[PDB]
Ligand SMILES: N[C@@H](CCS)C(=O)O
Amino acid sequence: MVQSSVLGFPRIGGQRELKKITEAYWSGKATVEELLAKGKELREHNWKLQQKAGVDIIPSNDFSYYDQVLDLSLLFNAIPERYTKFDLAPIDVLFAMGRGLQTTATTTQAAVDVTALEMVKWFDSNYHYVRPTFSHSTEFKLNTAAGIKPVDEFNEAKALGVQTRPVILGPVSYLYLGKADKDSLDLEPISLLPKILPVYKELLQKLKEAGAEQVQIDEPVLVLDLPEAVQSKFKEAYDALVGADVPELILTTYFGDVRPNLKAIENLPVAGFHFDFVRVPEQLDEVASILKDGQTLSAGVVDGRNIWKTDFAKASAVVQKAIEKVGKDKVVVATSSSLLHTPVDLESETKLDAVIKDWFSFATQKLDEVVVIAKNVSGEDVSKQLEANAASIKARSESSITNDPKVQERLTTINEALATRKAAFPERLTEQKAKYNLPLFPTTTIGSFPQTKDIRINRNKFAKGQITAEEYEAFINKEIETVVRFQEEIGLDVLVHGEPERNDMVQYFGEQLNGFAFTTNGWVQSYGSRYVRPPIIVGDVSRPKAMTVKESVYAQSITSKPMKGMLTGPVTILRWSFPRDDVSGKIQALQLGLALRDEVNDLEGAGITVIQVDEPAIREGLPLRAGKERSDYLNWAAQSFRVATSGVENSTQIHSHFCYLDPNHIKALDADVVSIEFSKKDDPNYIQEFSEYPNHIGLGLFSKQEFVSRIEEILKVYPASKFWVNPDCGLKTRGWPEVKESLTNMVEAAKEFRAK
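Three-dimensional structure of the chain by itself (the form deposited without this ligand):
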């Protein structure tokens, strides 16, 4: 009776096949044919997977060798002229767009070195897409040359007897998520809707002309705060596509709240809508009302971005809540977003203890979840599944892993006091000058040093258990002292240890905290072929033993100069994980802050009184719409950082580093120093911007002359008593002969300013 849907499936493979064959192809060690073949093998595998599973609406064109948005750009001829002046073939021009083309010179052709198009975070997901990139010259048209991807693949699956609903991005989200190319900075992308809509119609005709009665059209910018110049175009664009010679259209949104844009899409000639009810369940009533008799409502109720075993009772209730408002015949049960944002299969999980594996459910498991739910509401008997599922829910609600009594009592202790330093900055600053008697324009470093073949082989051979613990505790010291001496030679004032002992700035902390579980194949596609294996916060978080004390303490004891302890902020640790979904992001960020505070304490007690704490993840986890949520997030974000840093003596100096950060947040941290990255361009937007920050600032510019020059114009607006000097972020990814030069040039510049 009630159909089940899936908006998309991860194409990387269960054994990361896609990473293997694509990297292969780029590296000369596999042929186009072999790629395509493997591609065909996964699409086929996954199509069949979903069918065996019971899924009724199964997606096609959801697969990509790199990125779906990029496929669309290639299919509509949104292809900057540069990538054609290279006699390259289709799928090659496609990779060149997303990865770049660097050739050694010849005698015929020069040294072509075209860079790749901008990589943009897909909303607030962990996925990244190629920014669509248009010129004034841009001539939109279907590339029948390369073949019509979405059609070729709809057939392919038809062939295997799988009738799929092709997924493509709507023309509105596509244009609005794009940008003007280099040679047209005046161009507004949404201006182009009239140039593109034809191309869309034509592709929608070939799909129909090939047996696609259904097409899922993606328009998730609808969950964003949109201009009128955009939201007024949905009417224009969808009156233009629908008709008899094209498939029915399902307008799909996910990730957020479409309410504020309802009136932009309440009079649309489409067959139905998909709404994310996992993220915004509250929005049920409003959205469903805009439906007109005949229109269908896809009810995303199985999470497509997390890994929790869905709670069928509630998920069903939500679907029912929707059914008893548009009718059993018009509701479709669906994953909330594409399953792209989920790992492939919980079965590949070997080390994971079963009791917790019992709470999980990756992409594969999720297919069986929409199907069991679609039945449940359909009225068929699935009492066996329900009883079982209900139990995993109880198992998890009552498990000790999820209710840490000591942590819960500790949350009680969170108040204004605990979120505030013992004295304001100007007072602390008095004590700190007394402790450190540093010079004007103090020099310092930010993070990792360039990493040697051994530094990595070592850590590796220590996990892979091929080397003694003494052999290892030794190697790291030998790099630590090497990095400490190096710094004293160039002449830095405050030093870092070099972090030879650390791997992921999150994984490294995760493994040392309670409430964290890890996977062996929990891979999620991130950009191109780079995947990630996020930790999973599976319960109440706490710190049992110290995490970073030992290596910092050794480094400090071999130099008279202040040593920096290096931590990661609670919010970034939360963002770069799979969060619990039984408790608020705020409550998990607070627990993490509580745990980090134990670490910060223990660093201080050990004579590490200069502690750096990074949150490169703040803008990333910024709620998609301005409003009450966005503002609150910014509060508990600063609150989380302060809870982790507000127990230190005034003499103890808390730093924080930023590359990408959020002027509100920074202001509310109360960091003794914030080191920021500046550019020669966004300077007018940057400099003036920190007439704000009350406290000290690490001006990170990025020649000894061009350093002075730079600093000089910053001192035409600020007191020199405010600033430390430091590198950008891009020194970790730089060679020693480069570092030694830059780090010496910078140190030298700030030497000139002490003389003056």
Contents of the next structure:
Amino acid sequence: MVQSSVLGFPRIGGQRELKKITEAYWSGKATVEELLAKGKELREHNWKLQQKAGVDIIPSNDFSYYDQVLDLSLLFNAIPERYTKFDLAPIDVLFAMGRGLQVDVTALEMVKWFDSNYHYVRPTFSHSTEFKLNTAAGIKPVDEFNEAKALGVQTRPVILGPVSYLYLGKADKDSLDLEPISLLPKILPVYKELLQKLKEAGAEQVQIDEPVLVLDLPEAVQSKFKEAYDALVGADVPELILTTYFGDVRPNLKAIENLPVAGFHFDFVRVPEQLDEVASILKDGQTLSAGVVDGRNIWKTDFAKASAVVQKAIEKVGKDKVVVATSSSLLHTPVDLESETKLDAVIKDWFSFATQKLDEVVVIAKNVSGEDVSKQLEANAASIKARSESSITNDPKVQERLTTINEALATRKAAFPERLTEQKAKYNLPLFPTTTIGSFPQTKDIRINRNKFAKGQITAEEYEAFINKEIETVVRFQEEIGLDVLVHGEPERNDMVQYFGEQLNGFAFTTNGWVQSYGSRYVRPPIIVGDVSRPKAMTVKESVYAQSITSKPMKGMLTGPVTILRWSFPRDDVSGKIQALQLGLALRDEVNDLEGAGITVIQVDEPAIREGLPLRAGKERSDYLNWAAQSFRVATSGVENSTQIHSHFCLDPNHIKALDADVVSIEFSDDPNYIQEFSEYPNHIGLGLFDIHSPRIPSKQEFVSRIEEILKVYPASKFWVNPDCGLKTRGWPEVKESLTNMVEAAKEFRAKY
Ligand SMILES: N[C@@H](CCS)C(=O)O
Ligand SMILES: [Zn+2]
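I've shown you the form deposited without this ligand. Could you give me the structure of the form deposited with this ligand bound?
Every component of the complex follows; first up is the chain already shown.
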């Protein structure tokens, strides 16, 4: 009998209960007691759900109030002194570290979890760090194991392992020379103790996550797995299942081929081809957990293909030593497809969310164990077959237009220096031209009118009028502040990816398909279901209106192809690359419509352009850098030489050059040397002058200072002046003075040239 296994379950709740209750606690509507009661109920609910599906190996310690890496830092005493000064309970210390503390500590750094859309809180270590088991609050992994046990649910605790925990961490402000991995000897006894306590509590297996194995690791780091796991493994601890996901462990195979652990987990959804070699290093007695149900996407699994993968593993190591698993934690997928009320049934039949993936690992497990599941297999085969044959997936026009992609389509009529000549003639911008990034802060009357417009209570014309008033206000604001290259404020836009996805063929949307991004901030990504195309103008009306009321140049504002791809659920039947190129072609028609309508300054926002960087150096990485840049160039390369193309980012120098934008903005407000990278590079650059997440106002002199610093490493002829990013999240008085000061700073320099 082949067991089924779930590496972690999303914890936000089927109706976002975690968000409401944690925000109610932070706001003061709810007590901490209510907070913990509600966590307990979610955990219990998710455990019963997995037991009822028939999952054998069910996780615990996967729950978190904020972030599981942060939970380990609390638990192991990786707590910087700055967070202890305020008579705080452990759970408020956790929230302090996680989200800062309004008396003003900054939150610890949030960092992207590999190439997932989740963010963790970076473990932060000092020379003074003293690792130990904080048993004050309770020991969360032991307490949550015992809870699940009292329900009659045996679970497998999940903890991030010592190597990855340290390696993914950073030396604190006060210890810039400390190498985190050098702490391995201090933290090992603390892991050992925790594992003893879990065994004592009744844990027979522990899932110990070592995802850094899918990265490029120094040889000196690779040797530490043998050191860590020789120390951890013994009779007085649970069996350890060393767990990896998101990538290829093969280059690091030497580091794990002689480890005393009870088994391994590998991701055969991202890297099925690694199976033969990883299977071959299993010792007699070791188990192989085969990750064949994707933890990061929303597509119904192909039961025949998944079973085949599992069957290849059984061949190599025997049926008794194989486990059917989710490829990673289901943290990265929405909770329940059954909550969806709007999707057409044909499309929904192609999806499985977290709750459904429980059923998938169970059926696949039954199948290779020899139980009769033909009805499920045939139902699955039909879903897969309907999807591959649907006209939605295969658009002939789009397929042909892909055949036109070549380097000529991704090259502008002339190089920057010629282009600059024609742009100077046409716009005659001053030195130190000033701009902003696009968004300005919205009114109450806006959201209310959107809602009314969605209900048909005001007409299309009435709503248009309200948007244009907002645009009018914003433009007049910018004029009077003396900005040089204006924006329309994006008041019509909810979201920089959904706004576009809704207007493209090939996308579907959910009502409830929420995934945690960080803390209590959740996203509901679009889904790319098929071939993408643009049926009509998406942004032209608003931009034409904005330009029609000022003589300043107005930026069109688009989100680039790679950002749209990376912030959506992608298709799994075609490559990232093909999806980006189709998006680039679709955006090229929009650029063409803008330019044709007189919007001849156009910004393409690519904040996530690097987020898909393949996790290892090699062919796949260099291909990615090439196609990401090509897909941007395909969108922007059909314009006239005098059309000024901008790009915004928030980051490899040379990748940025390969985009060949006339003008760049880059989140900044930080070593000077980085800027010296662009000195003999002709295109123009605006390095963000202020943090838009703060309400604080820099002085004129502040700005003058900041500019003069950059100016020592970068010529005045190329320098734009702008904020790090949009201003959608700020208040109007912060905005007014900050932009005033920014621009009068600029003019002071303008005058001395
Ligand atoms: N144009 C967008 C950029 C966000 S990355 C804005 O100003 O908000
Ligand atoms: Zn931005």
